[PDB]
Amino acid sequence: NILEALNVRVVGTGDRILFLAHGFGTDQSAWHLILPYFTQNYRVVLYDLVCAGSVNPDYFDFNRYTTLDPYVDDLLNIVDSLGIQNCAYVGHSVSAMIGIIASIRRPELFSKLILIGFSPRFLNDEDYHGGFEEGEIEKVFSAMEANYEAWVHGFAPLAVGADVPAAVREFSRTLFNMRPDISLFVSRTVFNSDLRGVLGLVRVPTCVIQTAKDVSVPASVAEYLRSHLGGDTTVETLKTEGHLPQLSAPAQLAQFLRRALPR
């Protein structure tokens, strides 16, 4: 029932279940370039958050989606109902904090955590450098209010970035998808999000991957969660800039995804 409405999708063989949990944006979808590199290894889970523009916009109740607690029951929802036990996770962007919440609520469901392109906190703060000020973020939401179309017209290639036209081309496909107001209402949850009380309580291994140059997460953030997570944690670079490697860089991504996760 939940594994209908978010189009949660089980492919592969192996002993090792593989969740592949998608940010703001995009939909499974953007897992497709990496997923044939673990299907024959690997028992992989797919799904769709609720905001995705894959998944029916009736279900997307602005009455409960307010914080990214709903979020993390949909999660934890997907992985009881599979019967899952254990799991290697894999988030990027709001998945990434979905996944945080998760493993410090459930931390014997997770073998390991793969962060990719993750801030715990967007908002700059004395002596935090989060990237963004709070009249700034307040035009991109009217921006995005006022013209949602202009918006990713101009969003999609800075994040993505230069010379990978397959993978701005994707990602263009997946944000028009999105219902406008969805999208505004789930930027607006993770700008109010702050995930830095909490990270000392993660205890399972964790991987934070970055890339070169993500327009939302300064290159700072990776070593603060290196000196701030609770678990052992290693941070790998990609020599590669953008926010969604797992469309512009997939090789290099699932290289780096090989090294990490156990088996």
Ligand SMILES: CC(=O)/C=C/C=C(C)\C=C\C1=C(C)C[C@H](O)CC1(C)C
Contents of the next structure:
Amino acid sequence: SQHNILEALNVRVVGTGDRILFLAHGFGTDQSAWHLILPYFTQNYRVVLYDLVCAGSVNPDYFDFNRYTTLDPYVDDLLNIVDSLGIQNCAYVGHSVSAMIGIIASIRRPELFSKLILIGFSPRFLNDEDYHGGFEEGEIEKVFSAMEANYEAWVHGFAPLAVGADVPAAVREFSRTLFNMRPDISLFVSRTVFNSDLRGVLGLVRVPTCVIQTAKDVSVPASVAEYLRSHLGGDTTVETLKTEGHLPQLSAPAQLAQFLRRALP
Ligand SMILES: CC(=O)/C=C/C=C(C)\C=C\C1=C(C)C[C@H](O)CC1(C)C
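Given the form deposited without the named molecule, state the structure of the form solved in complex with the named molecule.
Full complex below, order starting with the chain above.
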């Protein structure tokens, strides 16, 4: 139930250091997205990885549509893993939805995180009055229709856009993990995430935070970076990668590793 979570979400611990580094993947991927970055840190860090319940590498029977209606159960899962491993202090790297999860988690448990590293992070995707998130409700409904009508065609068109840079290996990988997801789960999670809004709680963040924005993220306008600088409550830094795309850990691992290396405690 809540009790076999380590096996259910493929929790793996690698590396040698005392300092615990948590690598948390985002939408459409699983923990294998970190495999190019991982060798940069395993000599100096104790690295914890897991898969979100919605990952295609997780048994889809674990995805309870009745439960996973907001981000809060996802946060519960993260903290359950943390507590189950007996982790009292760690550095946390969250990509995409895992960035959103980490924000909430750090408000709940400020003492747990020495540092938040947020990659491809947005507090809100939908545009509001005086807020450019990058999407509109009508647009999103058409995406959901395409996903339902022919998920695989959608993935085929989407994966290259999301990877952004001309790195076929990265596109192929992101496609693979998207195709592994059960289509109805992908759609449901997308609905959940698109209708989330963390703008109200950004000021409550107390933990030191590094935001790593990419050059041209389909999910995150450049304006969001400055917004986060203005609104995040903790000691915050914002930095921009020179490479384009939503998935730097696959498309530009050397550059991402460099940024991480100097941001990490
Ligand atoms: C079709 C199109 O161009 C618009 C993208 C539509 C998808 C479904 C967006 C998916 C996601 C991206 C990849 C990264 C975000 O962090 C989380 C979120 C669920 C919003």
